[PDB]
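The form deposited in one PDB entry is given below as one chain in structure tokens.
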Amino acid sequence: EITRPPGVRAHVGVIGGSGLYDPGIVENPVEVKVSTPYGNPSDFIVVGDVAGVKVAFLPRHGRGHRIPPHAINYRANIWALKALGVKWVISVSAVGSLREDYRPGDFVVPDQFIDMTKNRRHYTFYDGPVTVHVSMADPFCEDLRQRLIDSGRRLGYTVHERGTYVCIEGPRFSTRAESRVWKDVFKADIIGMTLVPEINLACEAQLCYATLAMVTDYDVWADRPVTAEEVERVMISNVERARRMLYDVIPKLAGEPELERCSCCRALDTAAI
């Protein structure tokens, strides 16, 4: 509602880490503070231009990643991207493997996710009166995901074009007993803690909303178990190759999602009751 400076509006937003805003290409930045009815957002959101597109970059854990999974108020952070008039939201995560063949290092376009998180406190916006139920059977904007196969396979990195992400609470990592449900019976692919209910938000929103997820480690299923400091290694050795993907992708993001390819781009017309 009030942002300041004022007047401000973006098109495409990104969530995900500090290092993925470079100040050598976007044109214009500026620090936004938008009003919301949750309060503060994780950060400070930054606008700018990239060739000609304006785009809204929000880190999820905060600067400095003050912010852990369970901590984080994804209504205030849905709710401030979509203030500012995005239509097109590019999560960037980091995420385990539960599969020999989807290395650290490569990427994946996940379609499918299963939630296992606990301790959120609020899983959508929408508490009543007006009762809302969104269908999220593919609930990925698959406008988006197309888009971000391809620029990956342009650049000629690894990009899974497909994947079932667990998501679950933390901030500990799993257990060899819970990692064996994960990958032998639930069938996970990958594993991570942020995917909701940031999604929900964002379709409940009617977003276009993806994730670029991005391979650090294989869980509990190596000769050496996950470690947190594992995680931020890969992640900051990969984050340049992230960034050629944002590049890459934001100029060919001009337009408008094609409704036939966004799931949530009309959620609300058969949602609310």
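Numbering follows the first chain given and starts at 1. For clarity, a rigid core is taken as the largest C-alpha set superposing within 1.5 Å between two forms. What changes on going to the form deposited in another entry:
- With the core held fixed, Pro23 shows a CA shift of 2 Å or greater between these two forms.
Return one more block: the form deposited in another entry, after the form deposited in one PDB entry shown previously.
For this one, just the chain is written down, with no partner chains and no other molecules.
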């Protein structure tokens, strides 16, 4: 609805996670305020050009990592991106690994998730009177997944092509007994705190959303358990590789997602009562 400055539009949105507070990537950056019915997004959205494509960057934790996962205004964030006209959303996230072969420094492009959050307050945009139940069997946008995998391959980085993300509430990390459940019982591959309800809202807004995850740690399974400082250090050390992948992929997103490879692109057709 209202933006300041007025008239700003973008085509691709990038949501930065741990370690990614600035868009080193955009040219001609303008900071934009976007009105939402839910109040403030995490920070200003930075809009600029990447090889002729207009990109909107939002740090989910705000600049300086000021907002922990449970306190993020997920509704405002996704509303603001949708209001700017974006069709594609790339999320860049730090995750823990629950398997030896998904190693620190590897990328993962997950294809499934399990929601073990509890305190996020709103899991939908739709509280009535139109009841909306989106289908999320295949919750990520395949068109964008495949493009991230291809970019990673071309640049020579390791990119695991599948993975189930278990989303936990936090902010504490898991106990050993919990980690054993995630790994041995649920057979999840990676773990983080921020995917839900971000992905649910992206789907409801009919966006093509995918996650580019970077493994930062092995959860409770190494000699030393994960610490926050380790996650941050690992991300900051590798942010250059994530930036290179974004510069590779974004120019290829000049067009529209293919409907047959975008499960949420027409989610509301069959979902609203």
